[PDB]
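Keeping the supplied structure of chain G fixed, place chain A upon it in accordance with the hints.
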Amino acid sequence: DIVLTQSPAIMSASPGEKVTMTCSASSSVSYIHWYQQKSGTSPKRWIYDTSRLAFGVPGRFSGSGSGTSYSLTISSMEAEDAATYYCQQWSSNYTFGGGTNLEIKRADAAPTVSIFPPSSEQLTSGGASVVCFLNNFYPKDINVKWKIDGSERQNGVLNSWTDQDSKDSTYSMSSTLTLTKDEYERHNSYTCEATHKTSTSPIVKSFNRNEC
Amino acid sequence: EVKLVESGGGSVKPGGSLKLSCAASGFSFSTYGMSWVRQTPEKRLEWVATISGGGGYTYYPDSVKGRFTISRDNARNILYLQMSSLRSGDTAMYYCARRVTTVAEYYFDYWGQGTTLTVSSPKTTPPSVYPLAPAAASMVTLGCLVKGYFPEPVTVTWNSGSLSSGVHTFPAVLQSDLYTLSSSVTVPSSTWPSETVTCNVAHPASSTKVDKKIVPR
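From first to last, the protein sequence lines stand for chains G and A. Using this note's numbering, the first residue of the first sequence is number 143, and each one after it goes up by one. Using this note's numbering, the first residue of the second sequence is number 16, and each one after it goes up by one.
Mixed in with the good hints there might be a few duds.
Claimed, not checked - Coverage of chain A stretches by chain G, computed from C-beta distances (three or more under 8 Å per stretch; other residues unrestricted):
no.: 1; region: 53–63
no.: 2; region: 120–134
no.: 3; region: 197–209
To be verified - Below, a list of computed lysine to any residue pairs in the SDA-like style, where the Cα atoms sit at most 25 Å apart:
no.: 4; chain 1: G; residue 1: 186; chain 2: A; residue 2: 46
no.: 5; chain 1: A; residue 1: 227; chain 2: A; residue 2: 215
no.: 6; chain 1: G; residue 1: 247; chain 2: A; residue 2: 184
no.: 7; chain 1: G; residue 1: 186; chain 2: G; residue 2: 308
no.: 8; chain 1: G; residue 1: 347; chain 2: G; residue 2: 330
no.: 9; chain 1: G; residue 1: 282; chain 2: G; residue 2: 309
no.: 10; chain 1: A; residue 1: 58; chain 2: G; residue 2: 234
no.: 11; chain 1: G; residue 1: 186; chain 2: A; residue 2: 156
no.: 12; chain 1: G; residue 1: 282; chain 2: G; residue 2: 296
no.: 13; chain 1: G; residue 1: 186; chain 2: G; residue 2: 217
no.: 14; chain 1: G; residue 1: 186; chain 2: A; residue 2: 124
no.: 15; chain 1: A; residue 1: 34; chain 2: A; residue 2: 100
no.: 16; chain 1: A; residue 1: 227; chain 2: G; residue 2: 354
no.: 17; chain 1: A; residue 1: 58; chain 2: G; residue 2: 352
no.: 18; chain 1: G; residue 1: 160; chain 2: G; residue 2: 233
no.: 19; chain 1: A; residue 1: 58; chain 2: G; residue 2: 283
no.: 20; chain 1: A; residue 1: 28; chain 2: A; residue 2: 190
no.: 21; chain 1: A; residue 1: 224; chain 2: G; residue 2: 263
no.: 22; chain 1: A; residue 1: 227; chain 2: A; residue 2: 217
no.: 23; chain 1: G; residue 1: 186; chain 2: A; residue 2: 76
no.: 24; chain 1: A; residue 1: 34; chain 2: A; residue 2: 102
no.: 25; chain 1: G; residue 1: 339; chain 2: G; residue 2: 152
no.: 26; chain 1: A; residue 1: 224; chain 2: A; residue 2: 175
no.: 27; chain 1: A; residue 1: 58; chain 2: G; residue 2: 303
no.: 28; chain 1: G; residue 1: 289; chain 2: G; residue 2: 352
no.: 29; chain 1: A; residue 1: 58; chain 2: A; residue 2: 92
no.: 30; chain 1: G; residue 1: 347; chain 2: A; residue 2: 201
no.: 31; chain 1: G; residue 1: 186; chain 2: A; residue 2: 16
no.: 32; chain 1: A; residue 1: 80; chain 2: G; residue 2: 146
no.: 33; chain 1: A; residue 1: 227; chain 2: G; residue 2: 303
Stated by the list, open to error - Pulled from the structure, derived: some chain G residues nowhere near chain A, Cβ distances all over 12 Å:
no.: 34; residue: 157
no.: 35; residue: 161
no.: 36; residue: 169
no.: 37; residue: 174
no.: 38; residue: 203
no.: 39; residue: 213
no.: 40; residue: 217
These are calculated hints, taken from the structure and not from any lab test. No residue lacks a Cβ here, since even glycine has one placed at the ideal position from N, Cα and C.
Just chain G, with the same shape it has in the complex:
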């Protein structure tokens, strides 16, 4: 019974800027330590005790805090740093923080939208999935609405999100609407549309069923 809540859960920095994420405790604590975790690999040692850096970590990292509120600071941001940073205490119960997702920030990108009618193979099985790919955009926060025959739906939409690209530093999203065969053939014009802080009006992509 000793919680750590780490303050900015997701954070986006551009290269060359300062970065301060915080770890705040439910009660007073002697020291706190930090680990780093990139996609697909375990946590690595980063900062131990409070201000002591591990052999590998660059010198532009820094640690501080006393009592209830400690904090890891990055002097100048470089793209090699993006990973989730956990804190951990060692005084009572060995508790980890929730982490701080560190993101690279780039110029905004609007997605490259692609819609796909269900396969001739799935339909013969009793089902029909309509799928929409919004590809290479930034930032990440998007809204997507599927409109069928001009009305709209939210039942059975599955939405998945990549991790930030290691080259262009974008994100990709899939959107799958899982109907029935009979539900699918009940309508004509399936449309997915993407709203975003880039374009003012949505990016629409459409097809009609009674066509094939």
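Same frame as chain G, now just chain A:
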């Protein structure tokens, strides 16, 4: 180099028992305390056990105390985590970590690669693969919807590795206690459909690999 390499795990029905092991290399095992730490799919870090350098002392959190036992054998440089009466909350990837002494505390220096432990009662199901071809420009985005599979690690390889540099893979989202993922690829119009694009789905938990030539409607 310091190595920590852990073995065992997979899919167990709730109530089963299991044992995880971890093997040590390139450091004197007996002189260090060794712990396990678990991470939830939602990237949640929870400490689960600790043994001393000798036998000496063991310590446990109050989420597994009673079900887990942590053991070393310093003849072989290997940890052991026996887990009895597994429940649904025990699903996680489990790492072994070295614990080193600091000024007044301790700290986890090296962590292994983890094994994964899925506690659940459903069958292992192979995946249904459906092609995603369009029903008009100079670059084509194709896809493969990979749907209805249980044990979660799947693999999608496109033209047998060739098109990696233009592939987006989308994490499997769960619903209906089956997993559903998607994968997209991008291709210059000069490449398709003049040449075959085929995505390839392999599902090691069932030893099933399916192929799908994306052909154009």
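Hints not upheld, ascending by number
Violated: hints 11, 17, 18, 29, 37.
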